[PDB]
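Here the complex is missing one protein chain, while the rest keep their positions.
Per-chain residue numbering starts at 1, and chain names A, B and C are given in the order in which the chains are listed.
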Amino acid sequence: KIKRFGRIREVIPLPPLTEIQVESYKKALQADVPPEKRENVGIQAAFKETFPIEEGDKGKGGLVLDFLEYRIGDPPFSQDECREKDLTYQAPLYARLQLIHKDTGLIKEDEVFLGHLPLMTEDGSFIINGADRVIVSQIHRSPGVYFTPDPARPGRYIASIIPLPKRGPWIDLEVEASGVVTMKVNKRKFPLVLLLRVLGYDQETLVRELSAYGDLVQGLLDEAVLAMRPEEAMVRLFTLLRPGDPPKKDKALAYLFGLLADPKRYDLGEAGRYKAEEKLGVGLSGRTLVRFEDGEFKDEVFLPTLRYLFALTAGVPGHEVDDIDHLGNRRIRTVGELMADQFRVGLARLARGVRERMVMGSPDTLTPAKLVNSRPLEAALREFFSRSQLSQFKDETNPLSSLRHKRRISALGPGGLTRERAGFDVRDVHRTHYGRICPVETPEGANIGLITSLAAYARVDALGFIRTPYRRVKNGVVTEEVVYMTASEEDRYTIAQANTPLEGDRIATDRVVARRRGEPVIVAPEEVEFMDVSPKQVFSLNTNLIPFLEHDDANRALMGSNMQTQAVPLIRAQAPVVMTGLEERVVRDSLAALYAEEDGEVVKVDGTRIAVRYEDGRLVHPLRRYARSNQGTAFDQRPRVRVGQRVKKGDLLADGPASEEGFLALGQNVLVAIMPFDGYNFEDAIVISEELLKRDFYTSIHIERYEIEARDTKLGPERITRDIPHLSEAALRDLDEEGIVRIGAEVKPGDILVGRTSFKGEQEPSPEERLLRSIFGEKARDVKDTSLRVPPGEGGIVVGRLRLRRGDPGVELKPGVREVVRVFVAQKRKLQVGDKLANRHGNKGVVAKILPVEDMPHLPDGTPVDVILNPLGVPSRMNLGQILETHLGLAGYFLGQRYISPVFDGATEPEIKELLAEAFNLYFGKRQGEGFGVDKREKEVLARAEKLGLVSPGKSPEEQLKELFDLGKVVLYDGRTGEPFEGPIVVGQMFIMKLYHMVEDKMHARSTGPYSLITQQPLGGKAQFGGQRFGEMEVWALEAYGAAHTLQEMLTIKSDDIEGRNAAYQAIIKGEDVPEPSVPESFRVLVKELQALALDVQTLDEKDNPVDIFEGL
Amino acid sequence: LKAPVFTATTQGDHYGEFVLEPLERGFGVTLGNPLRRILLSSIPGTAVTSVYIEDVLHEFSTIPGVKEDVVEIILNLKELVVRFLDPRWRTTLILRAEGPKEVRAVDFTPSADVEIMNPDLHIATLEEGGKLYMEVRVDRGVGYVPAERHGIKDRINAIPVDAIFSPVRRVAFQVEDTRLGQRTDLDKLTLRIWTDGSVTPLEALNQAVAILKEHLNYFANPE
Amino acid sequence: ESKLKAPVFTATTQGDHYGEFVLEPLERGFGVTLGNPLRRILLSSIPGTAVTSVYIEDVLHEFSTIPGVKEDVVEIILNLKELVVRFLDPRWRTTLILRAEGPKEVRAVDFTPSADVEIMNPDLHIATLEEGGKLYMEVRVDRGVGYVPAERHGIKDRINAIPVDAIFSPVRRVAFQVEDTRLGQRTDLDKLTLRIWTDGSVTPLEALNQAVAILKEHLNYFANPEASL
Partner (left out) sequence: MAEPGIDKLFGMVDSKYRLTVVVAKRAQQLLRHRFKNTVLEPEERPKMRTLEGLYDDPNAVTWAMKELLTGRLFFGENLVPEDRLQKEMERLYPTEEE
């Protein structure tokens, strides 16, 4: 019983939702393809790109070493082992590199072993050194060339945008006042004239044939001293390329920055030729400038962009066009392209190591596989994946998370001029790029906008760059519409008519403005290419999960757009009543669940592995159980199917993490009345009905993972044993079987989680002691306890234990580190005071009190409510539509239904009524049957609701009811005392999640203990644990008041000042008197610390001459 | 007047509208509620306390051949409502399951002074390797109690379960005014004392009043 | 060591009104589920005695004024409502008559010094009449519990009556908070406290038990049943 609301839908949010990657990587990691085709980008390019390495003597002797087809191959280990043995899920990659001679000699070193190129899981992420990580797609200034106003004082500047931040230099032509036209490549400012001279141009042939209509020239001529002769030119320019290199015309160096596709090349143009052409005086080719022709160079883009400059420095072709952040200028390098460039580096180093081994060694013995030392492609490559501001863990709390995190787009990339946390130009970018296919209500706080998420139907097709959404054009296809697309307007969703949408006023967007109604009304190619396949594409895949976004105010609407990431799978995943089709797909691209393949059949046994689909072949399917989430989410799978066939409108074949039967199910939906409850729901706190705990609802299960390494340090070998000295206390093996704790064991705080003794030789057990020791059989001792034990965090039930030991197979551990015990501990948490509940409309809040069914607000027939969300502020203050969920609530509770009211299309107030209107003729249709009907309490109200001109007067009480049900809802008694709540109190089933933020993990308390031995102030330790921070802000706090003493105490008897510390604990343990300080250590020490530098810090008293007695002990 | 008319459309364990009658204008709740309040709280009942399963060292497990998942079980078993037919005591049902079947709470070994109010009650869909031998407590009790009332017993894998005692499952009450007496002003009660596990409304209602009385009593001698 | 299964009922007794009452440790949930119904019945169902209709020679309707009387009708009317009579214990439900003299302060005693019905509140302005102090009142008094406005109807002296309202109920205010304490470790155990205000004859505490009785007296109604399968 599912009700849906809506209109059209020509496509689907598209497969899969993890295509940004997945289908990306592969096509960059070609490999899978027969080693013939596949021509560029990805690994191959990097290869071809690194030009066959030569060496001294250009075409004189032996050694050429040309590269060929590479070979990703026989994958060392397997996912799972990798994480178990902390290993990057890599794979070998070698490529035969036949070197040459100049006395004929063809040698092909088969394969030639090489780097380990990390593979990507079916998922769309990586396993690196055990943990799971994700490569987040960055965006930057699209390659090209496009000036921009000189931010200084009015005077447009010219920028040249090389392809990727590692395939060309950022060149800015800057026309100034004192210096004029400058060519500043990387770290070098110089007369722009000079390079031109080299390129041929020159006084007259140059300006006065270029820059006339707009002065800006004499300054370019003056240094004509440079414009007096090329060749000699380079040399002076070369001389202007630090350090003191050898002035000797070489052409090389410039053998780049234009010459050949080496460190400059937008490749076969595409976004360089295909762009500068339609920006400059047309005409161009593969790169900038062109040499190696037969002599002098032949520029292609160095004056025309200078021309087009001046032009916009005083002429008509303005186009001040700054980065213009137009997604027709904002590129996005998908993982594959981030991992590719890195190869475009591993090699950059190999080529060196190769050219070098070339020489030295015997030209007859100098063969490859002996010339190639596979260190570059690794290192620098395995360097990236786990050490990049762009490679990150993985939000794995609830599945939406993971999936979501891949759709995310970082701009905090580490590229060139790539916005630093506050890089040069920040609180400008942030803002909504008028390009809608990279959501507007997602981001967080502080990183406000430098990290956005990309829209649903966004991208998918011939991709050279930038998102590009899908946009209908009258039936048929939907065209992967570019981002620099005008295509004669666009007509927004709605106002249709079979196939001719009869609106004759159709609303549309064109270039920007919502521009009223172009009205082409051609019914033909959708008024050009107008029309958007559904709205969805306007927003983030994980926002579209909001039943009433419409009403929901952007800002707050984002506070739910995120928050709901921080779900936290439970046991009763519950899909939401009002959900939005998406709920059903998000959890099917996450692969967090187990699908099917062909037709039906089953066989199975059910439990640990939905057994073989049984379809023709035979394949068993194991079910991950009580795993561990990067966030400690405990994502397990559930077996759904007994003994049947394929699918029943969906082959869920057993759910996943936080998904009710196939539908994404973050939290639980429950019934709630709105209304201020004696303060317990003050500001934002939600009061809660004990029931939710009694019915094991919000209960979430988390499994931790404690660790211990067995060192070797010079005192004796560190060993993992169950013979912890003295720890006899019938504890040891009262648990800890032959060393480490046992499964199913139950762990409180303090118990030995994984014991291990240690030698340490503090002092020598001198006589007497050794004697007395012998005497009273006081067996001498040499080993310390140094066990593991569980921290002040309660603990839980020992779920499992892994153990890695040096010499083991695929492992490998930190030098010195031998063996490494690991132990997982579960936990099931229910719900307590503290913790957040936050719904889909950013109505976030933390539980305050939890009433017993007894109290609470009894509905009329006795059913208690669930949460007591306060109406104050929250709604008004936040203006949202978390009400149009609570209304289609009972109108779905009683009518017993789950609904689909998608974003910007459905579930309308009248329908919400129609429905609600109904589902009453039963709610109440019953009462007038069970044998009851409206009592003194309900009348007492109704006859006052109309006073509130809230219900139609004249009508019968019964009549006033239904009337007062569509809107709010029944009198709603206060099961606490007994009377009614004067004034109805809208009641309903919302849907509250339980954000990975339970109180437990927070809240600690100190008093003493873990005192430090480096800074001498409470931090780190063993037994107790604790320690609280007292920042500066609080210093002023006390300064501002007058609690001088109260302040001192925080820089005396409570931290560094030992005398004091002890004084304190001695003072209390006794009683009567208090912590008595005097001269804080902080002072006695500052003196005898400045002295050490040759200063005589004197402490003169009241009269200057009463010179202190200080430190006189 | 001088007294009402305590009607009582009863039932068969659960459902128990118990109508007083010409209660003077007001007391419609002075009585109506507390009972209802009390009837949802302080009242003796039956509830599981701990379960032990064949080869299950502790919760967060997974019994082979069984479709389910050990927690579900305990979550399901959390319901199973027993009856005791006896004065003071706790006890331990016991059930072993075979190959392909559907161990619904019913298959819970018949035994002594005990009834299984809620037979059926799909306890576990085991199959192919129907192995399930279990041992669940079931203590007398009152109210709600979780991790505290330790389910020791089979000192080992008790995986103690939650205590959900209160045999009452819902309680409301109307004040419908359509009676005689002396002038159309007074009210007319009718508390329902809805569903239950073992005990019957009348009993809940009855047991209820007692308490309210004993407390009412406490108002004795003051200092 | 200080509560067990027997709360500690503690009063305050002031003398005729305000008398703080406070039983102590009680399982969470009875402060309300108990301390409330009393406060309810307390405000209602309680035998009481107060004026209810007044004949005072001349001008019927309560709206008017009389010469040689500093006040007006209604002021006496209400000034009357603050009268506290005590009908010994027979069955009583009589009338009363005041003897107004010249220029003096007509207390709430200048009535027919009839025994068997004493006046707790001797003073009480009632009304002022100077010089030609006329004034003759045959102020009645009835017997009731709840509250009754212009609904009963001042039959008595057929003509002329200005019936006042039935403010008959010994208690005049009943409040109660239920702060929680834990003299019994467990930090959240209900703890009543009552503040019954009464001056309309019957003492505070007396009002309480009476009601406490009125409630059990009532509770017994749920005894012998008459079902239906």
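As a convention for this text, contacts are C-beta pairs under 8 Å (C-beta built on N, C-alpha and C of every residue); 3 or more make two chains touch, one makes a residue touch a chain.
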Pick from A:949, A:1042 or A:1112: which residue touches the chain that isn't shown? A:1042
Quick one: say which of A:320, A:597, A:1073 or A:1111 touches the chain that got left out. A:1073
Full-complex touch with the removed chain, picking from C:183, C:213 or C:227, is C:183
Absent-chain interface residues of subunit C come out as 1-2, 183
Contacts from subunit A to the absent chain lie at residues 1042, 1045, 1070, 1072-1074
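Methods note: only the chains that are shown with their structure count from here on.
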Starting from the mean Cα coordinates of subunit A and subunit C, work out the distance between those two points in Å. 71
Chain centres from averaged Cα atoms put subunit A and subunit B apart, in whole Å, by 48
Length of the line joining the C-alpha centres of subunit B and subunit C, rounded to whole Å: 45
Give me the residue numbers in subunit C that touch at least two other chains, ranges are fine. 29, 32-33, 36
Can you list every residue of subunit A that touches 2 or more other chains, as numbers and ranges? 852, 854, 977-978
Listed in rising order, the residues of subunit C that touch subunit B in the complex are 6-11, 21, 23, 26-27, 29-30, 32-34, 36-37, 40-41, 44-45, 146, 208-209, 212, 215-216, 218-219, 221-229
Once bound in the complex, which stretches of subunit A touch subunit B? 571, 604-608, 625-626, 638-639, 642-643, 690, 693-694, 696, 701, 703, 743-746, 797-799, 826, 828, 830, 852-854, 858, 860-863, 931-937, 975, 977-979
Given the complex, residues on subunit C that touch subunit A span 28-29, 32-33, 36
